[PDB]
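The whole structure should be built from the sequences, with the hints applied where relevant.
Given next are the chains, with one letter for each unit.
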Amino acid sequence: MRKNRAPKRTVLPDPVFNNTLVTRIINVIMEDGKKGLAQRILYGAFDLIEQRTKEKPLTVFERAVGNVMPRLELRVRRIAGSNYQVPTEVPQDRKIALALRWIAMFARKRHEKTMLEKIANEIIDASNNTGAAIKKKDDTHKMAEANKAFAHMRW
Amino acid sequence: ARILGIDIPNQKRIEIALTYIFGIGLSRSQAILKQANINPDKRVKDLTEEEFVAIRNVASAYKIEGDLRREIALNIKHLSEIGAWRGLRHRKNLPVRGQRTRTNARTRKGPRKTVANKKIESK
Amino acid sequence: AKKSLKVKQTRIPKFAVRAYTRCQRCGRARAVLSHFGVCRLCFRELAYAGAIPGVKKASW
Amino acid sequence: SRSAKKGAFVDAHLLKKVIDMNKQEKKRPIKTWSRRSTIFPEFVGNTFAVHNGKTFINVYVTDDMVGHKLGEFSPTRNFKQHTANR
RNA sequence: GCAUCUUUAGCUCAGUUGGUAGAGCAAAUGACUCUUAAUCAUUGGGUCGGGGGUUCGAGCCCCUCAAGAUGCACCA
RNA sequence: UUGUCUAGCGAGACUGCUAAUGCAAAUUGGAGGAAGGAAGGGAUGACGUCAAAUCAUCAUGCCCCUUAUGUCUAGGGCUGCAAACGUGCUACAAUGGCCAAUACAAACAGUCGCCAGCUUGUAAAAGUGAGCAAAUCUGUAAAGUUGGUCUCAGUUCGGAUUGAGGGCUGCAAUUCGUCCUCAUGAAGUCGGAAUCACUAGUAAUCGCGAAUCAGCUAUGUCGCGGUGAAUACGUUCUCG
RNA sequence: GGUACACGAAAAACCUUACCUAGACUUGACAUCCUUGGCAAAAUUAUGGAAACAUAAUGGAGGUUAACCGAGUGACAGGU
Ligand SMILES: *C(=O)[C@@H](N)CCCC[NH3+]
Ligand SMILES: [Mg+2]
Ligand SMILES: [Mg+2]
Ligand SMILES: [Mg+2]
Ligand SMILES: [Mg+2]
Ligand SMILES: [Mg+2]
Ligand SMILES: [Mg+2]
Ligand SMILES: [Mg+2]
Ligand SMILES: [Mg+2]
Ligand SMILES: [Mg+2]
Ligand SMILES: [Mg+2]
Ligand SMILES: [Mg+2]
Ligand SMILES: [Mg+2]
Ligand SMILES: [Mg+2]
Ligand SMILES: [Mg+2]
Ligand SMILES: [Mg+2]
Ligand SMILES: [Mg+2]
Ligand SMILES: [Mg+2]
Ligand SMILES: [Mg+2]
Ligand SMILES: [Mg+2]
Ligand SMILES: [Mg+2]
Ligand SMILES: [Mg+2]
Ligand SMILES: [Zn+2]
Numbered sequence: 001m002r003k004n005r006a007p008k009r010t011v012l013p014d015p016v017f018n019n020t021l022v023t024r025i026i027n028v029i030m031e032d033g034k035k036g037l038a039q040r041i042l043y044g045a046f047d048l049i050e051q052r053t054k055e056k057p058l059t060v061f062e063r064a065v066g067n068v069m070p071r072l073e074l075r076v077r078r079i080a081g082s083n084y085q086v087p088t089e090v091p092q093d094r095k096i097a098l099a100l101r102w103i104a105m106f107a108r109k110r111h112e113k114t115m116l117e118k119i120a121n122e123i124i125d126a127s128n129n130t131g132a133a134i135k136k137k138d139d140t141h142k143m144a145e146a147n148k149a150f151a152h153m154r155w
Numbered sequence: 002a003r004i005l006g007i008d009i010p011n012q013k014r015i016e017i018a019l020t021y022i023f024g025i026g027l028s029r030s031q032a033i034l035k036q037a038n039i040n041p042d043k044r045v046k047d048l049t050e051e052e053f054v055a056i057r058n059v060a061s062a063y064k065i066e067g068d069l070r071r072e073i074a075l076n077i078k079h080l081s082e083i084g085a086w087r088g089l090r091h092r093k094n095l096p097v098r099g100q101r102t103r104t105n106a107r108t109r110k111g112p113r114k115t116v117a118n119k120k121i122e123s124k
Numbered sequence: 002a003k004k005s006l007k008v009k010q011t012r013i014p015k016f017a018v019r020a021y022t023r024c025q026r027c028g029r030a031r032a033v034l035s036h037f038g039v040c041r042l043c044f045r046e047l048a049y050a051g052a053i054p055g056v057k058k059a060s061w
Numbered sequence: 002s003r004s005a006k007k008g009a010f011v012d013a014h015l016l017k018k019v020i021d022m023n024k025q026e027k028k029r030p031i032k033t034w035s036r037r038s039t040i041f042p043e044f045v046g047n048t049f050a051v052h053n054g055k056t057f058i059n060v061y062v063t064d065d066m067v068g069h070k071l072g073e074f075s076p077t078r079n080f081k082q083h084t085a086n087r
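Protein chains in written order, with the entry's author numbering: chain F, 1 to 155; chain L, 2 to 124; chain M, 2 to 61; chain R, 2 to 87.
Each hint should be verified, as a subset may be incorrect.
Among the chain L residues that face chain R by a calculated CB cut under 7 Å, a handful are [what the hints assert, rightly or not]:
no., residue
1, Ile83
2, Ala85
3, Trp86
4, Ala117
5, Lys119
6, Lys120
Result set (DSBU-like, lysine-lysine): computed pairs, CA atoms no more than 30 Å apart in a straight line [as the list claims (entries may be wrong)]:
no., chain 1, residue 1, chain 2, residue 2
7, R, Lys55, M, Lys3
8, L, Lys110, R, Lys70
9, L, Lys93, R, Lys70
Stretch-level coverage of chain R by chain L, calculated; a stretch enters the list once three of its residues show a Cβ under 8 Å from a Cβ in chain L [what the hints assert, rightly or not]:
no., region
10, 65-75
11, 81-87
Bear in mind the hints are in silico, worked out from the structure with no lab data behind them. Think of the CB as a built atom: it goes at the ideal place given N, C-alpha and C, for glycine as much as any other residue.
Right, dumping it as structure tokens:
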């Protein structure tokens, strides 16, 4: 009913590690419209990562985020009762975006201390495929695999 | 601790410890703190007898925390033994100042005791 | 009860705080523009006829 | 609340009647419409009939009621029980 | 026949087991709507069937009447 | 820090040129350009529907009152309270609380006003008192940056409620003004079924100003700027 | 209902205010038309007053009545 495809704003290459994706996660953890605060929080977590993992922070972040990225997406389609789900291949842009959203969402709920250490622990906990974001990705993948039959019918 | 019947947390700084006393808040705690010259940021556990007597003396000079409860109590009785309309308004557990009582002011009325709204069969 | 209030407003009261401002064309008491001495619904009629110099419609 | 320099406030019509009424021994209730007058030390011992809006409620001032306003010791509205709507 | 119960605003019924009465409809009044219905509020309206007696005091407890209904005999 | 800035006039963007395909309007891409195909926003809202709203802005047919349903004044009331709903504010916190230093706006307003500085005061404020009828003078910008501290607790969260002492306006602050200081420290640790707004300087958020106004828990309304996102695959479902 | 509910109200202590209780007024607080004069209304100080309002005071700008200050006077004014 729209017939028009929306434009896209630039993603911007990061200002430090020159890895665009850093700016996206900065915008994701944004709250109260504070660009400054969010950068500080995030950047402090890489420094904590250095102190702990003794490795390059960008490499660790990619290894965490790339591992969290899902493959199948389940779209709800109700006909008569409940909804029979439909697994579809998500685009590359949405793949990174969904990964970042989950990373932030489970990070602001951990039992840890200041969100710097909170968010730092989640990414390091996701580089070894054992965390909270991993479980979410595992669950949707298993649900899609179970509902493989209705994948052919979408709409 | 040792200051009267109050037990100020032992692992907490003194300027917040004084607030834990009933008659001493935060601003007045700082007044005692500055007047006694005892430096803040000094954990009460790492404090000596020399400070524990001076602080007690100034606290005793100020209004006793135990007497304030009876002071407020005498004042309410003083307000009710006069027969003031404000006393009456304080009497029936209602806002004493000018606060509205139509749809709000539940902090003085406790939990809600839901009754039955009128029946509208239409007109 | 309109005419009596209009006359009383013109008359000086016995206290300074007793004096209020009422529209000078009609007798409406609330929503009176002190910048023009004209209430909101007389200012519309006057503005739409050109009686007040410079009050044009706004585009911002 | 009320400033210091200003002090207290009586309409001075209530003050004049009270001075006249205290000198006269056979005092009777004083009919005052001034709920705005603060109770002054000299008022002590007299009785007033403050206009609640409908009638004149009688208040006997004491050495304790001193300080507040004369209309504060009388009511204006009355509410004692609701009624089940349904 | 007998023993038993009932008679309570215009109608159908609670009254409490002694300090003198309400409930639900009907009627009216408003509110409410273009106006009604409905709704909603409010509301007047009693010879407690008629007399006697007890009690300081009887719708209330005991008798006699007036009008009906019950259960026990149209002799097992 | 010499060409900002302010406001008069004008130029500029016209599918004007090119490529594709269409008869033609026209669609898409490219070039140059500050701006490209309604460049963003505003004013501008057809006949009519709902006997939609207003006799309480005003005007008016008709009906009604005429020593009263008209008039003046004092006091009370519009601020009630077993309750329910709507719209907002403040929160339940370390993307934070408190303290210190400190950088960067636009718009608007102002002579019963804006009020600089100074003196007093724990403070609201008072006294003195220039300057400004205003691109001149005045109305402290806050978030933001750095440092110290709290170390996750119903707390240095949260501020309700309550008691006392003060300041301002005003005849007058009890019914029923707000501000400051002190004292206390309700609920509340992300909120059930179900719902609302929003497609870029937008949502979210931080301050500033004006209107009515002697004063006002306007947290409302109308404006101005600071920071500043995420997403749109598609019309199967949903509302119009 | 959507198209009411931080709406009329861009400011309810007095005033606003249209409501209630009281204390007061009657061609009236305000206006015209008519016979008729202007040699005032204000404001304020007294006393009684809740204040309306009364009784006494400086008797007042002005311009000879212009506007208004009135008398008389019935049509009427007035109604949120
Ligand atoms: C049968 O029922 C008899 N015993 C009754 C006779 C009654 C005569 N009066
Ligand atoms: Mg209030
Ligand atoms: Mg009118
Ligand atoms: Mg009607
Ligand atoms: Mg057009
Ligand atoms: Mg209609
Ligand atoms: Mg009043
Ligand atoms: Mg209100
Ligand atoms: Mg708002
Ligand atoms: Mg901090
Ligand atoms: Mg200069
Ligand atoms: Mg709790
Ligand atoms: Mg707090
Ligand atoms: Mg008050
Ligand atoms: Mg928590
Ligand atoms: Mg849009
Ligand atoms: Mg907010
Ligand atoms: Mg509607
Ligand atoms: Mg009033
Ligand atoms: Mg003369
Ligand atoms: Mg003459
Ligand atoms: Mg009329
Ligand atoms: Zn007007």
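Quick rundown of the hints versus the structure:
1. With a cut of 7 Å, the hint placing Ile83/L at the interface with chain R holds, because the nearest CB-to-CB distance is about 5 Å.
2. The interface hint given for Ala85/L holds, since its Cβ lies 6 Å from the closest Cβ of chain R, which is under the 7 Å cut-off.
3. Of the supplied interface hints, the one on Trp86/L holds, with its beta-carbon coming within about 5 Å of a beta-carbon of chain R, less than 7 Å.
4. The beta carbon of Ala117/L comes within 4 Å of a beta carbon in chain R, closer than 7 Å, and the hint placing it at the interface holds.
5. Below 7 Å, beta-carbon pairs count as interface contacts, and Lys119/L has one with chain R at about 4 Å; its hint therefore holds.
6. Nearest Cβ of chain R to the Cβ of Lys120/L: about 5 Å, under the 7 Å cut. The hint holds.
7. A C-alpha spacing of about 28 Å is found between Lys55/R and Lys3/M, which places the hinted pair at or below 30 Å, so the restraint holds.
8. Using a Cα cut-off of 30 Å, the hinted pair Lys110/L and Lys70/R holds, with the two alpha carbons roughly 28 Å apart.
9. Taken as a hint, the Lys93/L and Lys70/R pair is honoured in the structure, with Cα atoms around 21 Å apart against an allowance of 30 Å.
10. Judged by the Cβ-Cβ criterion of 8 Å, the region 65-75 of chain R is covered by chain L as claimed, because 6 of its residues qualify and three suffice.
11. Counting residues of the region 81-87 of chain R whose C-beta sits closer than 8 Å to any C-beta of chain L gives 3, which meets the bar of three, so the coverage hint holds.
Checked against the numbered hints given earlier, the structure satisfies every one of them.
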